[PDB]
Structure formats: structure tokens, C-alpha cells
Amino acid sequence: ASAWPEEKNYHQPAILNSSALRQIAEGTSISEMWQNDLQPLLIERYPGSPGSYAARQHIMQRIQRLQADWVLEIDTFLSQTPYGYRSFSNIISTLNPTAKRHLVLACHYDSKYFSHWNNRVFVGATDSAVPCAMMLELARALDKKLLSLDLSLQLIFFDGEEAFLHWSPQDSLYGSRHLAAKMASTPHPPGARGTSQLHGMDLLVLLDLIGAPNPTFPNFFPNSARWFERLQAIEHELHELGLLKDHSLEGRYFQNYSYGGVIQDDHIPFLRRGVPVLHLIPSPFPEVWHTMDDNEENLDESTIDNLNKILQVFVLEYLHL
């Protein structure tokens, strides 16, 4: 019985040197992401809504235009909700589908349902339109290097992360609770006797509530702590090389501190099934959290730009690209 599912415990990154770091920094464009990936997503897109459909089309389109051999799958399913049975659609973009191991980046693309209030519409800019755009920008910026790809990359855009009313065990995490169970009962790689797609998930990097100023991401899990340390190292070096904007070490994003409690999010269904998680959600949450003010106007551009650089370097180093 092959011990490949254990390979992740020993996987080491291939650290980029100063020269490569400058390249990655210059290779990403916050303005291009802002206009081409982010703005089309700043629309009402709760599950089953026209916006949900448009958002889904936008995401698939932005991925399809890239050179890398991305395989797109739409995981659609029904589920009971406080408003009765409804349909949901997770978006999965994978490189090298039969690859045994995959580094996974994820976020939810649905927006929390809110009736219009004083002609204002909830669009969840940080929750999670920006994370979506960051994943798209990463796909675009690293496109050439990803084109060269038994460890590959996968992107998951969850639907129904938000509760229709207020959070409850049965009302929230629709897409993730469903996809986790599905992947767990799916043999991987094709033809395997006793390993699933979850055994293939090296690490789940979940981006959420990103885009507000001064975010502080805590080190939530010990079995992914070494990777959290890598993000710190990366932030530190990009900073020392003067590759970040309006950034100070005192105000670093990845700080040396744990967080006991549990935060409900798309990683739960995976974590409770043994998947290693690197949860990139800030604590505290953005002030505008679940507010009509969680819009474009309250986003911090340079902060998002800095994070794209940090994340892209993290992915390349993990993938040895």
C-alpha cells in the first residue's frame, strides 16, 4: 500500500531568490485585476440568483482564456434550506486532474442574501469578491509558469458559504459541506483502491474576508503552522526587498500568534475529515463585515496588491515552479 498520501507531511518549498521575487512582484497587476476580475464580481450573487449565474460565467471565462490546461467542473446539487430545496453550484478549476496531489486555493463566490435596503445592495466586496479576484489574478499572473505542469494546482470557488438567515449548523456551508463529502467518497487517483480525493489534498488554503486595511491573520492550526511560517518569511523578504506598498513590519499581516476558538467557514467540512488547512481569514473581521458598506469604496488597494504578491510567491514555492 503506497505511502504517497504521506508525502505532504515532508513536502518542502523551493524558495525563490531575490531576483525571482522581484519578477513575481512586477508580474502581477492590481489595476488589471481590479478592472478585469474584481469589478464584474461586485454584484448581488446569492445562490440561485441571476447574479450567481453571471459571476459563475465570469469566473469560468477568465480561467478559460488562460494558456494553462485548466479543467473546469461545475458541481451542482440540491439542498434543503430555510426557504425549501434549492440548487447550488461549486466551481472547480484543476490543473492535471489525475495528479495524485494538489495544492488547493479556495474561497466562496456567493454573496450573503439581503433584501434591498434604502436602494442599497449587498455585494460583499471582501466577502468574498476580492478573494475570488485574487485567485483569478494569480491564475493570470502565473499562467506561463503553470503551463509547464505529481503535485499540481486546483482552485475551488464554493457556492452557498453564507447562511440564508443567521448561521446555523444546517444553514450555511452548503457548497463546502457537499463538496467535502463528495471528494471524500471519490477514489483518487482514478482506479485507486483505498484513497480519496481528500487524501490528495496536500493543503487547503482558504481565503476569506480579505480587502480591508490592516488585516491580521492568526496561525490557526498546528498541522499547517510550518506553512504559516512560510507566509511570514515571504512577507518579510518581499518587504525587506522593498517590494510591498505602504507596508511595515510592525503592521505585518501574518503575526506570531495562535487562536483557540473555531471560526465557521468553508474549511470546516474538510478539516473535520483530516484535511490540513491554512485559513487566510483575518481576526478581527473587517469592520464592514456583513454590512452594506462592504463595498469597493472601502477596499484597501495596496494591501490587496501586497497579498497577491505574497500568495503568488507562496504557490510557486510550494509547486517548485
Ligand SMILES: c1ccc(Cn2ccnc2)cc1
Second form
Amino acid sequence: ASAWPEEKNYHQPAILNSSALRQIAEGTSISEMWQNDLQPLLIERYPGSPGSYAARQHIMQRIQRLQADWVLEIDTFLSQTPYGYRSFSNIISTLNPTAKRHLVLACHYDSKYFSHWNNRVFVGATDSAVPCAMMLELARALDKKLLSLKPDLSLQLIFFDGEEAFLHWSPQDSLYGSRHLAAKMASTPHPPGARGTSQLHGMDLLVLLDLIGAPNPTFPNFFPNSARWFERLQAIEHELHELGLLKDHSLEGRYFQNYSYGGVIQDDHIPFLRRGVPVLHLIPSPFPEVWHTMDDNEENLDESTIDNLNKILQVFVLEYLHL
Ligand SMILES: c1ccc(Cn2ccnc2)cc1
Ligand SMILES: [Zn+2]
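Which structure goes with the form solved in complex with 1-benzyl-1H-imidazole, now that we have seen the form solved without 1-benzyl-1H-imidazole?
Below: every chain and molecule of the assembly, starting with the one above.
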């Protein structure tokens, strides 16, 4: 009876040296991400809307143009909602579908529903158009390295639909895409043909990005079982800082500080966490001041902060995958 699902417990990163860190810093482009990955998502895109369809097409197209062997899947399903039955579609992009283990990066691509107010429309820039764009920029910036995966471990990206409540958050009105996909993955044998392991056993770590893009974010170290990975993010931020590779950044104002959060923040990681998947929840506390406000827009985003986090996240992923 294989112990492969325990490999994640002993997995260590292959740390990048200074030269490699400089290479990663120079290899990502915040202006290219802004124009090509982010702006097309700064639209109304609540579930079932024309915008949801356009956002999904954009995400798929941006992944499809890459060289790495991404396998795209649209996970479409029905769920009861305050407005009756509706259809939702999660987007899953996977390198090496049959590899037993995957490091998983995720965010939600839907925007919260709000009727138009005084000619303004809610586009959820930090929530979570920026996280979406960061994942797309990561796939682009690391494309050559990821192409080499074509340690039975690879990478998967999940863009959840329906993270937001249609009304105000409640247990049955929220997390539509993640509740559905976690249940589906928990009941799907993995690798193909397995007798007693599921796709969830194959999820090494779920790194969920949410509410990123405002100035001065502070991310708490939420869970003991992923604390060592939170410490790696701290170390990466520190070294990139010391090498002069971050912009408008100080250690006093670092993003990954030494502090935990004992409370529970409901988000897409919940259905996975309650089924035993280790989670690194990259959501800041406190939330952006513009949270769930029409001001959660492009003008209020902090460019250098997002650029800095792109560098940190890309190093984290390469070190995790030994690339
Ligand atoms: C309360 C309840 C649930 C959440 C989750 N959340 C995250 C992004 N938009 C909403 C936040 C506050
Ligand atoms: Zn939200």
C-alpha cells in the first residue's frame, strides 16, 4: 500500500541562488501582465453573465498560447442559488494530468453581483482579477521552465467560479465552484486506476490567492500544517529584498510577517481544508479598504506591490517544483 500521499510531508524546496533570483525578477513583466492579462478581466463577470463567459475565454486563450503542455478543462455544473438553479464553470489548467502530485495555485474568477449603481459597475480588481492575472503572468513568465516538465510532481491552476454569494454570504450562498470541485476531486481516483487514493490526496498544497492588489498587504500565517511554506515565502521576500530586486519595498513593511490568525476566513480553500488538503491562504488581513465597494478598481491597485508579489510567487513555485 504505497505511501506516496505522504511525500508532501517531507518535500523540500530546491532553493534558487542569487543569479537565479535575479533571472526570475527580470523575467516577469508587470506592464505586460497589466495590459494583456489583467485589463481584459476588469469587467463585470458574475456567474452566468456575458462577462463570465468572456473572462473564461480570456483565461483559456492566454493559457493556450503558451508552450508548456497545459491541459484545460471546464468543470460545468448546476447549483441551487437564492435565484434558483444556475450553471457555473470552474476552469482547471493542469500540467501532467497523470502525475500523482500537483502543487496547486488558485483564485476565483467570478466578480460579486451588484446591480449597476450610479453608472458604476463592480469589477472586483483585487477580488480577484489581480490574482487571476498573477496566475496567468506566472504561467507566461515561467513557460520555458514549465515546458521542461513535459519527483512525480507538477503544477495545476484552478480558477473557481461562484466564490461570491449572490446575496450576502451565507453557507449555501457562496463557494459554489469550490464546494463542487472539492467534492468532485475527493471522489475521483488518482492516479487513473487507483484503488484508494483520490485527486485530493494528490494535492500537495493549495495556494489560494485572494484580495491582492492594494497597498501594504499583510498576510497571516494561518495554518500549522503549511507554516513551513509560509516561512519560505518570508525567506524569498527577504532575499529578493536584500538583492535589491523588489520595488518600493521595506522589511518593516514586508508582506509576510511573523503573525498568525486564529480566526476562520471563509473562502475557496474551505471545502479543501475540511477534507484535509494543506492550504497556504494568501489573503491579507485586514482586507483592502475598497473591499466589496465600487472603488475596488484599477485606479486603486498598487502596481509595484503586485510586481513584487509576482516575483515572490514565481520563485516559490520554481523552488517547490525544483525548476
Ligand atoms: C466574509 C465572508 C466571506 C469572505 C470571503 N471573501 C473573499 C473575497 N470576497 C469575499 C469575506 C468576508
Ligand atoms: Zn469578494
